[PDB]
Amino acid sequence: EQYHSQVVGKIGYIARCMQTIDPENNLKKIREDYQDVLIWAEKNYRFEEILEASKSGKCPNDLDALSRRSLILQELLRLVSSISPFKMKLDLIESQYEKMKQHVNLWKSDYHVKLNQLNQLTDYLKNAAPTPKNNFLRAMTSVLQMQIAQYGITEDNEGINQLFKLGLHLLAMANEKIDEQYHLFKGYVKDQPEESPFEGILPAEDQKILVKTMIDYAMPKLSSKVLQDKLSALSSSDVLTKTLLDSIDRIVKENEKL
């Protein structure tokens, strides 16, 4: 979708740039650098097929890495195109490629990549339908935005870097993996320092939808009426907390013995 379509676009664009840079297939060093990507554009796959390969992790699907590696070939294509009709010798092209490589890699790092990754999260949520994944993602992103407002992105912050890791992973995760989504979000809430991490950060209406979501997930998995009675009452809270989640986890433990 919004993410894996850009992955396929970057894969097709890298191959287009490589072919125009090296129209006679002689820049073996550069093509070996990109063969992990180029193979998916040379194997007669359709757009839908590469899309499913990106969702299943069969092809390169790190959009930020693909974007950085596309910029390298784009820079080299600009040079090759701007000196037309004059050809450059093959080893000189590779010499230019190595310098552009380290130059672009430095630019595509530090605060800049974090800034791009935040945009990936907000753009993905721009018109996202209210799903558990999208509710988890919008809650995590709002915490991320609040922490960046307090700490910035030019220095390293472990809590922010964890939100980027888990958030982007949830973003690229398949929409049908309900268990993996619930596991990721419950993992983040437990593995973060604050007790009520969403207080003052999300509207009160959204905080209740989060509580109702976690309740409706474990509700059909109670192998006893008595265990499913108290869990239904835990919806009396309107803020997702670590105590509320541990309360749900304890009910699954008492039901696991039965």
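Definition used throughout: the rigid core is the maximal C-alpha set that superposes within 1.5 Å between two forms. Residue numbers count along the first chain shown, from 1. Residues that one form lacks are left out of the comparison. What changes on going to the form deposited in another entry:
For the rearrangement between the two forms, modelled as two rigid parts, a different rigid part is recorded for each of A149 and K28. Rotation of the smaller rigid part against the larger between the two forms, from C-alpha superpositions: 177 degrees. Taking residues common to both forms and aligning the rigid core, Cα displacements of 2 Å or more over three or more consecutive positions between the two forms occur only in 1 to 109.
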Contents of the next structure:
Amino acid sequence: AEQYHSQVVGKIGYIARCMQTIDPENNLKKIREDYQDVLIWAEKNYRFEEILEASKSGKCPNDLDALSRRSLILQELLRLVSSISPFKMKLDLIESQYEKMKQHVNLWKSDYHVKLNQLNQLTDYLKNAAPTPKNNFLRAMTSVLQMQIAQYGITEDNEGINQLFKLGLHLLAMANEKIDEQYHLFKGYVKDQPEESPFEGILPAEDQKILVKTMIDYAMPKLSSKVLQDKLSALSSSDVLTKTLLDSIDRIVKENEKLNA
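Switching conditions: you have the form deposited in one PDB entry, so give me the form deposited in another entry.
Just the single chain follows, nothing else.
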């Protein structure tokens, strides 16, 4: 009996704490407007017994099932903001993304939810992943994924975002011994995406250098002359992995075929 209204007070506070975690500076006026009937009981110095009585007498929203459904929506919005960190979504997009989540007929079978699930699976795997070429490839693309979700959201049709999910999950499914398949996937991604330097501002400068060295060290054993070896080493001066760099390596690899039958 009194346990139920204690749950109502708890759920009211949980929603407010979720809102405070998302928006501590009170910038999301539209989302807070949707929850003002709940938030008001936590931003005034009501004591527990007062909110408990407010639930017993109906002065606050006291349908526990309805409060939980509203809470899960806000929890999914917080997960979106948390899952893209260290990248940040602008205020108006946070609120428009919330509106899409709120208005969905079944949010928990939507691709918004499934995309968040699979994004978290990538970041979870990367937590304790050894710095192999495969995982460095995956970390680079997962970071681009987070940045594109922060810019475009998680609800609209985006072939770039789906391709990053696809290629990222494929790297995770690849065996550590399928080296040529890992590089073919990664090189293929950089060539097929539209940005000339798709990792600048997204990866740390040292991570970009490691990617450059990974491409050089992969192609170097194939070369059959010092002249072509020197041309490839001349490319290792680049601190950024660009589409141009990859094409310049492929031209050297192509020239090497003239020295082989």
